[PDB]
Each structure stands twice: as C-alpha cells, then as structure tokens.
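Enquirer: With the hints as your guide, set chain A with the ligand onto chain B.
Below are the chains, spelled out letter by letter.
2 protein chains.
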Amino acid sequence: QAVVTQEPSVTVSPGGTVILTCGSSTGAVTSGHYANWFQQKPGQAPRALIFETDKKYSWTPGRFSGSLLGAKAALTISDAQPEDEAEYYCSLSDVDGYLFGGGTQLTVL
Amino acid sequence: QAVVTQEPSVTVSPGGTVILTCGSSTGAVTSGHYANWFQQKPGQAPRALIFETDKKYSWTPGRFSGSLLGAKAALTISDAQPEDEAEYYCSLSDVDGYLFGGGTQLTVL
Ligand SMILES: CN(C)c1ccc(C(c2ccc(O)cc2)c2ccc(N(C)C)cc2)cc1
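Line by line, the protein sequences give chains B and A.
Throughout the first sequence, residue numbering follows PDB author numbering, covering 1 to 9, 11 to 27, 27A to 27C, 28 to 106, 106A in sequence.
Throughout the second sequence, residue numbering follows PDB author numbering, covering 1 to 9, 11 to 27, 27A to 27C, 28 to 106, 106A in sequence.
These are calculated hints, taken from the structure and not from any lab test.
Misleading hints may appear alongside valid ones.
The list treats identical chains as one, so a pair stands whether inside a single copy or across any two.
Stated by the list, open to error - Here are the simulated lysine to any residue pairs, SDA-like style, with alpha carbons at most 20 Å apart: (1) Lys54 - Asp94; (2) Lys54 - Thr28; (3) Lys53 - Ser91; (4) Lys53 - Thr12; (5) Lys54 - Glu85; (6) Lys39 - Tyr96; (7) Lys53 - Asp92; (8) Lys39 - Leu66; (9) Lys39 - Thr58; (10) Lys39 - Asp92; (11) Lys54 - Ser91; (12) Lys39 - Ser91; (13) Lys54 - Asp82; (14) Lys39 - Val93; (15) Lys70 - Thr27; (16) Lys39 - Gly95.
Only chain B is shown next, with the shape it has when bound in the complex:
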C-alpha cells in the first residue's frame, strides 16, 4: 500500500557531488524493489539511467551511480555538469506492480 517518495527539489554546485534519494512511504527500500532511475529534461522523452538498484546502461554517464543508502534507493551524481540539470524519476517495484515517485528537480548552480 506504499507510495514512492522523492524530495521535489535539490541543488548542486558545478563539479559537486549530489545524492538523490527515493523512499517508500511504508518501509525500507531494498534491492528486492529493483529501483530504476530515469532522467527527463522538460518537453523531452525520458531516458533510463539505472536499473536493478545499481546497474548502468551503456549510455549511463560514468558520473552516475545507483545504490542503497539507509532505508532508501540513491542516485549519486558525481562531478555535476550543467547538462545534469533535469528531473530525476525513481520507480520501485514488487510482486503487485511498479510505482513512480513524483520526481526530483535537480538544479546545477
């Protein structure tokens, strides 16, 4: 009966490291939720970045990694670049289906 939780907005300094987190409203997020992350720039088609908590696609920037941090799924963006300014969407899953968070708007300073 849980929903996916994401901080609405988050900032980072250029060259800085920022951690986006994705939570469950009822409990802890584990690797059993197979967290996926998606990047979206306004008006544009969303792009898949991370699957199965920490797996990258061939096109996933080396700067980006997924992991579990505490009771949450986490997307770490190292060495932030201007082109990383986007909405980041988290999806969590179980046997009853998959749900999306409302996204985090990342601003690069």
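Expert: Just chain A with the ligand now, kept in the frame of chain B:
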C-alpha cells in the same frame, strides 16, 4: 519515425509454449536495447517481468524467459497457465529514450 512492433494477438493452449516477439523498425534488436517486458492482467496493475533482455525478478514465474531471437527480442512462455492470459508489453531503449510496443494479447484457452 521509429516504432517497436509486437504481434497484436497470440493463442496458446494450457501446458503449451508460445513465443512473443518484439521488433524494432530501424534495425535488429540487440542486448544493447535492454528489452523489458511487462504484464497486464485484466483488472490488474501492470507488473514488470523481464529486464535487460533476459533477467527475471524474484516474482517472475520461471516459465517466463526473455531472449534475443533472430532480429528481435522475445518472451517465451512455456507450460502456459490460464493466469498467463494477459496483455504483454515490451520496451526497447537507446541513448535517446525508450519505446513501448503496442502490446500482445495472449489468449490461453
Ligand atoms: C522494476 N521496476 C521498478 C521498473 C522496471 C522497468 C520500468 C520501465 C518503465 C518505463 C516507463 C513506463 O511508463 C513504465 C515502466 C522501464 C522501461 C524500459 C526500460 N528499458 C531499458 C527498455 C527500462 C525501464 C519501470 C520500473
């Protein structure tokens, strides 16, 4: 424009084995498209079934398997059960985004 193509409708008998395919209109499908498969039973929330072409979730019945077959991605359903009757969607992606096929209606009699 580019599209992902699935057969609209396929029929298998209980106990049978059936192949659903997922093609790309702009070339062969490779593991580099990271094919995902999803299932929507009538009245139910969509579930994820297969990702990265052939990886299963802990809740994916072992009678489902994903593979590359000819120039296409494929979802092979063996020992088909009544409950396997559902709409099946595949999705393919590249550096620019992901596309869903139109869905395959699987009828088990
Ligand atoms: C297991 N979990 C949490 C999960 C898995 C896959 C997806 C997903 C997806 C994307 C859009 C959508 O409307 C529905 C699902 C998706 C679609 C395509 C791709 N590729 C790489 C083709 C990846 C993820 C969402 C959540």
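Enquirer: Would you mind marking each hint as holding or not holding in the structure?
Expert: A quick look at each hint next to the structure:
1. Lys54 - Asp94: between (25 Å within a copy, 15 Å between copies)
2. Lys54 - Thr28: both (18 Å within a copy, 16 Å between copies)
3. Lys53 - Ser91: both (15 Å within a copy, 15 Å between copies)
4. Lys53 - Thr12: Neither: 24 Å inside a chain and 35 Å across chains, both beyond 20 Å.
5. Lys54 - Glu85: Classified as within; 18 Å inside a copy, 28 Å across copies.
6. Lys39 - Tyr96: This pair counts as between: shortest inter-copy Cα distance 14 Å, intra-copy 22 Å.
7. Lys53 - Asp92: Both, since 18 Å and 15 Å are each at most 20 Å.
8. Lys39 - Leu66: neither (24 Å within a copy, 31 Å between copies)
9. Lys39 - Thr58: within (14 Å within a copy, 32 Å between copies)
10. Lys39 - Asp92: between (27 Å within a copy, 15 Å between copies)
11. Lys54 - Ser91: Both ways: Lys54 and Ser91 sit 18 Å apart in one copy and 13 Å across, limit 20 Å.
12. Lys39 - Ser91: Result: close only across copies, 16 Å inter versus 24 Å intra.
13. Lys54 - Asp82: within (16 Å within a copy, 30 Å between copies)
14. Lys39 - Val93: For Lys39 and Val93, only the inter-copy Cα distance (13 Å) is at most 20 Å; the intra-copy one is 30 Å.
15. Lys70 - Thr27: Within. Shortest intra-copy distance 11 Å satisfies the 20 Å Cα cut-off; inter-copy 38 Å does not.
16. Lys39 - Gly95: between (26 Å within a copy, 11 Å between copies)
In summary, the numbered hints that this structure violates are 4, 8.
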